[PDB]
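Enquirer: Here are the chains, one letter per residue:
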Amino acid sequence: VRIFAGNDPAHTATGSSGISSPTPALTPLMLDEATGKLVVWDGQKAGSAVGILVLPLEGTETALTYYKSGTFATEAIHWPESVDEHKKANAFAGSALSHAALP
Amino acid sequence: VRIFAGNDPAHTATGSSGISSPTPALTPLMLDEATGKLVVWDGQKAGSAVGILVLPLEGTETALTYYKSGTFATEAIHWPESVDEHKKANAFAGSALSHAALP
Amino acid sequence: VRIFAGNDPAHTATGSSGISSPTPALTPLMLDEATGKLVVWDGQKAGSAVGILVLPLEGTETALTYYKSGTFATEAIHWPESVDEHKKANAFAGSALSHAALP
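Chains as they are written, first to last, in my numbering: chain A, 1 to 103; chain D, 1 to 103; chain R, 1 to 103.
No lab work stands behind these hints: they were computed from the structure.
There could be a bad hint or two in this list.
Stated by the list, open to error - Which residues of chain D face chain A? A partial, calculated answer using Cβ under 10 angstroms:
hint, residue
1, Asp-42
2, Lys-45
3, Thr-71
4, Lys-87
5, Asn-90
6, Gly-94
7, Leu-97
What the hints assert, rightly or not - With the C-beta cut set under 7 angstroms, the calculated list includes, among others, these residues of chain R facing chain D:
hint, residue
8, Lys-87
9, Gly-94
10, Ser-98
11, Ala-100
12, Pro-103
Claimed, not checked - Here chain A is said to cover these stretches of chain R; the calculated rule only asks that three of the stretch's residues, wherever they fall, bring their Cβ under 8 angstroms from a Cβ of chain A:
hint, stretch
13, 33–41
14, 70–84
All C-beta atoms, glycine included, are put in the ideal place defined by N, C-alpha and C.
Let the sequences and hints guide you as you build the complete structure.
Expert: In structure tokens form, the structure reads like this:
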């Protein structure tokens with residue numbers, strides 16, 4: 001089993017959270033245009049996921065911690081149900097993050 | 001005191017500048033959609049700041065140097081007046097940059 | 001001659017390709033909003049190029065490999081004809097990539 005299907009160093013960062021309900025670690029994150037806060041990636045756009053949640057959230061925190069770089073194992077991330085496969089594969093394209101098979 | 005409230009290596013890069021007036025070092029930068037040039041981050045959108053000015057500018061340079069990665073100390077950056085706090089904290093979300101308390 | 005006009009480590013990543021015709025290595029890439037697939041950077045927007053093709057493509061592959069970080073030599077990249085100079089220089093602004101003269 002794995003999480004970091006890569007050698008390129010994984011770094012973390014903090015940011016204002018806009019998540020209200022409980023969300024588990026390893027959930028892709030995106031920015032909420034209206035508020036500028038981080039929330040779960042909705043899977044609507046490739047390149048929109050700008051981070052991966054490090055630790056799980058209750059849904060009441062004002063801040064959160066996420067991975068801003070690194071190569072992750074696709075199978076370890078909590079993807080939104082029914083997400084488009086192409087947008088999934090290119091979810092982090094543009095950031096320092098990326099993902100692939102374990103193997 | 002500090003500037004690099006982080007261990008993740010800070011790297012720099014160059015790019016076409018669209019700044020006309022004098023601007024001090026450590027000023028967040030954003031891209032100008034109309035021209036594709038780099039200018040001061042206006043604070044209107046989280047994730048829009050794509051770099052931090054390394055050296056100060058006169059306002060007549062055609063090119064500029066900025067940090068494209070690293071973890072900076074929030075207090076060292078010249079933020080735009082009255083910027084929204086959430087958009088401030090997530091200013092660089094999406095890039096290789098990030099910031100936090102000194103501390 | 002060179003390719004990596006920089007010391008900051010070059011890392012790669014994979015993603016769904018939307019390229020149909022043959023394209024050579026070192027071609028800037030961008031995301032296709034409609035599909036979420038990666039295609040050649042059209043040069044219309046600075047900060048839109050999110051990667052550089054590692055190996056050449058036939059135009060029938062469903063996946064591709066690209067550099068997601070590093071500092072490249074401008075002269076080694078296959079730029080789109082007549083691209084605007086400012087959008088060229090700031091092509092990767094926002095990602096972990098960047099480019100400059102060899103020297």
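Enquirer: Please name the hints from earlier in the document that this structure breaks, with their numbers sorted from lowest to highest.
Expert: 1, 12 and 14
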